[PDB]
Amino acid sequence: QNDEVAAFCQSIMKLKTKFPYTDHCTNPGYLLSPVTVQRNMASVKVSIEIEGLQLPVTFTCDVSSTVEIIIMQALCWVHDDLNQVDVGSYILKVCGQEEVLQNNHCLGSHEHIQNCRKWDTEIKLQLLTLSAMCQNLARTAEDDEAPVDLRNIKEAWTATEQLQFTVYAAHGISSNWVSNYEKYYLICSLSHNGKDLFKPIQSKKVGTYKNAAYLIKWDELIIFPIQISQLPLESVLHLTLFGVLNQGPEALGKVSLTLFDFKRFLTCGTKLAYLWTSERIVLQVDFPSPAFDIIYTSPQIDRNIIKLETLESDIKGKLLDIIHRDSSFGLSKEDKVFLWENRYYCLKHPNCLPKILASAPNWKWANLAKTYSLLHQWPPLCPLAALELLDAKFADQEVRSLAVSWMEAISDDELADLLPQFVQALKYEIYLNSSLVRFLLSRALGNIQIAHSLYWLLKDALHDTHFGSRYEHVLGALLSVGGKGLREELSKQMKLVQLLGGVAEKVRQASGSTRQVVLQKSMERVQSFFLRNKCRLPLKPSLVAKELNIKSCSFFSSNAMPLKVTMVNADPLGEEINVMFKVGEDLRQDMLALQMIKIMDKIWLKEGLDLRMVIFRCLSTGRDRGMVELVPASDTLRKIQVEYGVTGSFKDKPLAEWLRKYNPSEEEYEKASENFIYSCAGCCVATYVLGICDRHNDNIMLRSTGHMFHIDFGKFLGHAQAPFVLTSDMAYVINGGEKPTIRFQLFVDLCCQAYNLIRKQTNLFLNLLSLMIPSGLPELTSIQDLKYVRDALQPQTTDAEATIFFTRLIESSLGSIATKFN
């Protein structure tokens, strides 16, 4: 471990050398404003503050214009000719947010622009030079030159010795264990590619040793029916410790051991493993210790150039049927062998390589040379497709390194929203230094948003009972390489989340009349914090808070008593910061639901379908606590139904009247109704595919602009289970009347269109969810959960039949009032 850590640190300094503090492109010192490229790149109004002008210039821009020419248009308003105006010295930033628009991207591609348009709120930018932009987070020269802190040989293929090891003892047993358990045993399993190579082997059941209740001694030899020369390089031994009660046996802990170390040497001699149960226990397994070191050597390369082969059409039809399948999921055994034999015909369809590798008959050393030979004459995959190659089922390091090399094509903006799965895929790298971790660290060096999100994600990952140590090394590398500016900023944000969490705990423990007073008094400590510190908001680190608005702070009087934290912007050009902080309930599953909704939205927008979706932020900042974006001027459907229900008996006019009071004019009410149509279509498709069937008056929320969204994702992937529901007031808003109109047909067409656009990306959604399996969410625990989503996506069906299917889902959701529609 120490020597692996040292080699890791050497490599990481080598990675640092490639990001000097002088290069502004990779060391900007500011956040980049996020972008999601949208097709068909319509006009909007933008107001731009300019130095020397008392009023900002306001003018109409083409949504499809790049930020560069928009800067020049703003410069043209103030100068008659740009001959001696330093045009390249200028940037645009969002008013009140320390994020900079990206020059080479369309104004319409930027998320801030897109939200403002959905919102119809003022686009308020500011023109300045790089010199005036805050670059406090930038790395110094100091940081660059600082160090990072966190005899004979036998080739393995010639090694005939059985794999064998002696499970010797476990040291450190607790008093609670001695009282509750008589005896103990280990179950030993041997795995590669996340799959058992053989039946697991169970040890004898022994009690605590004589005159030692902290010691469990087995001194037992365990032999597996395999030789050293048959072990894949990435073979892992799993030891799970069990306790049989004295008064079913229950699992006390688990350790894993790689059979080869990061330098290809076979594990030899005594080896100590550590398992935690809350405390640390030490297992000792003794491996054989011959007079020679055994090293793994990969088979030697095949050089081949493979256009020159048979053809046929009974076979070629079946083959292209396999290639265009949704995924490798559920691929039958016959299909696997058929594809494997025909694999060299597939070379002009790169994104089917994961199917091909999943159809390999085995990963025996002898069969590796022909796989490797294929892999290095294979075309580049698209990054999203290469995700599958980083899942558990592909442990081979050539495969994974090659997948990371294909991943390098992905943009930072796309990668930012996929980081959770990458952090999880770290668990399938057996060694500390890997292509993948260096890729992630490299991206975090060149982009502050990626570094910030990686920070918070690794910080959750630390609570893993099995992988926490590895994540500590990775997080220490991120913090080391990030520089002192970023480090002190993250420290301020960490202290802020701790202080806010303390306030929330005190508020919940307090009750009734002594609760808001407890709030106000407990916020004193955070007020002190701001008195000595200006702090970036962890949810959106481009917002700088200087002070707490103690007056507007309150609680929501709901389950888990959430805090409404109101903060003063440090920028006068910006507006208040309002975030909810919540303690008690686990926000990671809400984060996964939100991320899936965001990815569906991205997919739609890339195909030119804008369903006007509400995409709000949520950040787990610890064990069962975090902070959540607050969508302004929105209320739950029941709240609307009942506040209307005191004045009316109409059954179906509450939502329409609610929207009418905030959109009185006819143009404004039609616009709000249209927003409702589109956002509701998006919500229905998401409800069905992601299996969120807990929808009810309290779960669905509606914004005064007319946009509908979800806020609670308690039953997520609950496909056990009218998938969604369309009560009559929603139908009234969509129709505009009490009878069906062409607006309902537009809603049905929008739903089916979006549904098919997601069915086309079934592989991405299956891969994005399986990569989250090992994160430990209660109800994404197996590949079976993925099967339910795939069945919902109906992969085999055509787009036309899928349209028919979803249309009848809609009319099922309409219930009794579905008689009135065609």
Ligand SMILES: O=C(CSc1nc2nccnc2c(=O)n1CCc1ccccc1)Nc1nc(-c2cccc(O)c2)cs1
The other form holds:
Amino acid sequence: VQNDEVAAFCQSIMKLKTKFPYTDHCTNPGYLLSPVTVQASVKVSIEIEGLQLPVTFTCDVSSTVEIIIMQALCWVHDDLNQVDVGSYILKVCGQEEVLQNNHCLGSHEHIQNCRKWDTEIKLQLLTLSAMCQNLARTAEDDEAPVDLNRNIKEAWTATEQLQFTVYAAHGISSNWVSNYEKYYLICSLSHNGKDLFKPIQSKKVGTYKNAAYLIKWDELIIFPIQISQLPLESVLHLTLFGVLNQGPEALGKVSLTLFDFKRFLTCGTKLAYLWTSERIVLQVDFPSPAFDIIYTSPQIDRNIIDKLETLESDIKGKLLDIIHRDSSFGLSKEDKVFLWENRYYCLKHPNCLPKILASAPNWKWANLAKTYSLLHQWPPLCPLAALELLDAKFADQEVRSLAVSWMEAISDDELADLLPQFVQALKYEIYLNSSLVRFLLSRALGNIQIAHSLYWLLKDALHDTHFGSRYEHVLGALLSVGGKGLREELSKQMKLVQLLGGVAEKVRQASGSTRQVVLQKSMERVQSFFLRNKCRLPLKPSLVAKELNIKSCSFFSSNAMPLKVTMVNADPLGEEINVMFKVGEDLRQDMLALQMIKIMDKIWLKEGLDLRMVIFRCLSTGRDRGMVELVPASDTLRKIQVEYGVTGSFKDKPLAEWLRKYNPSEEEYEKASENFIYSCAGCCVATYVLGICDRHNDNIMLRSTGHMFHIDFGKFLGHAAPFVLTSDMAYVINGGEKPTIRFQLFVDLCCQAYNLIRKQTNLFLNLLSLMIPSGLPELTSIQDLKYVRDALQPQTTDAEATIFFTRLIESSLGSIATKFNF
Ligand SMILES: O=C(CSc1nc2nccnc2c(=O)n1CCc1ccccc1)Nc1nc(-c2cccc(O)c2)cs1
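Next, give the form solved in complex with this ligand, keeping in mind that what was shown is the form solved without this ligand.
Everything in the complex follows now, all chains and molecules, and the chain you saw is the first one.
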């Protein structure tokens, strides 16, 4: 049946492939699209063929890339009628990414970065023919097949009790036989991620006589449930325990779906695989009658429910209070029961559907008809709201598929920064083929960035003990449907990272003197690689490295010695590529913190608030290793303070003098100090809301332009000053020892941004919830989310929330807070 599920998946993906022909350029562009985030004049320089100097001109940020292309065309051509405006595109110099014509110049992320750093905006005008499209799919790609490397009784008429005999575990290890004397299983039955009944424990039995590799229970297990009472998505969990010989110690876990991908109840012997990480086979024998049991969903209920009593005796106000509540998190039982009665009065508010669904009394087969009738007349949800319908608490195929149908309204650009949570949501689909995985694969088909990011996220997801096989099939489908070009580039990137990681290991394994000469020798391997391959940068695949710059490659001195890898651009119009490669730390936590910060930045920009945040990249390439973006011309606060100490003129001047050294002009220092004010406000809000703690001087970094950012996120969602404002940071903000209206601006910015994040409390809780199953040390349960919820204070109004955050700023000032009038 599993092989049949794989085959059905493959053939469905063949269908999906037909939906994306290689001829269609917008689905198959062959190149990365320059990212856009929706949100004056700036100077752009555009290189044009046949001109020795690029044309530099002032463009409106609001103007679209299409008309900017035409403006450059107008520079070189006095009449644009003869030339074709079509078949002309703009790329970033040095980066193999194409600006999107319909979108505004200001909306492009590269433009926004250059504006913040005051970097020269450098573009190239070229035809589609000149653009590198080596990633594009071929006719060979479209034609190739997909490779990932009798009577019937309806279930509602099925009286039999769910039962099965746990037979045996086969292939147990020597050290297992050494360490434990008996074994037993805990059997749980669940739906929507919750137990339907209390778990039943097997008897404790030792290894079978004459068969040490075998544990034989041969034990029947009967649940107090009836086949007709089992939801379609019912899952049986079997956890193995060993008792030590000298508490019980968990050895592994298995899951079995109670109905297969064709809705047939599992019957007969089914084998399951427990990975010690070594494969143990577990045998579960299910009843096998002379007939097949099929699940049949209930009969459709059709109603137009509109024209009902609106007594509204304070009850409408109670309903709106529940509707306009922040999230489903913590919703009272009584509130649940009456949101469920008055669910048909909430159609006017679509994004409250999860709450309603979370307040269903049960998912018994009978009530399913009315639930589905409501779902199919429900208004479309915001994609972001619809995420919640893909978490574990909603297993129902109808709910989830219709959530994905609402989700299909999301842009690729917005989707890309959300990909990790989707990769995780795959875990709550019990079948291989599902609307969610098809949605992800189709989005990857049409967008090279989506495909690339999915690839790396699936490679991390593989290391899951329980879900590794599912992710292996998903990754195989992705690599198969991506095409030959995409695949070979991904293989080059995989080889590059593996080589870099080897170099990292060797650098830490050597000591002192040796460590500097081993780096040059280890790197010769890499340079051989570059001799035979041009390879795209895994952190930003728009950058192509032709060759390693050995002499600029070094190592940072830290607990884990990171590698400063400098490579030369394949494009002479580009800059040299600088990344850090770190091994020995789980970068997935850092990535989550960075993603949360970035999403706050997006939320702020959506309401027009620009806190000038440094948004840098981090990629977990393999287990406990990866590439991190390097921010140029920036230091930790430690370093600034110690360098200043050599002079030691004042505790309040170290940040000021540093910024003044890199910004000598009075206008320049004011510009850099304003950058500090805004970025500091953003960092303070992000620190308090994410529970970022241990913000020591090393953790804080400051850019020469004046922007403040965070680098190490070891304390994430930690519990207990919320943030710390030292005297020299107050000096930069005020511009003087005494307080100025610039500090009031700082406070205003903090409180404004804080309230903007509170408005999106549901989004943030959902994103962290969906990362729960990924297995980071500080995000294991819903209480970890309750910390963030409490930090966001949803019940309070914006006014009292401002009061609260302002008191936080005073506590952060601490001893020097005497000098301020709130
Ligand atoms: O100057 C710098 C600042 S060091 C730095 N920065 C980071 N940034 C983001 C994330 N983590 C870090 C980071 O951990 N550290 C190390 C800080 C540390 C040092 C020594 C011991 C312990 C800790 N970085 C560089 N940038 C470039 C460059 C040039 C041109 C373009 C470009 O994109 C980058 C070359 S070197």
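Numbering follows the first chain given and starts at 1. The term rigid core refers to the maximal set of C-alpha atoms that superpose within 1.5 Å between the two forms. Only residues modelled in both forms are compared.
Peer 1: Can you list the runs of 3 or more residues whose CA atoms move by 2 Å or more between these two forms, with the rigid core superposed?
Peer 2: Run moving 2 Å or more: only 307 to 311.
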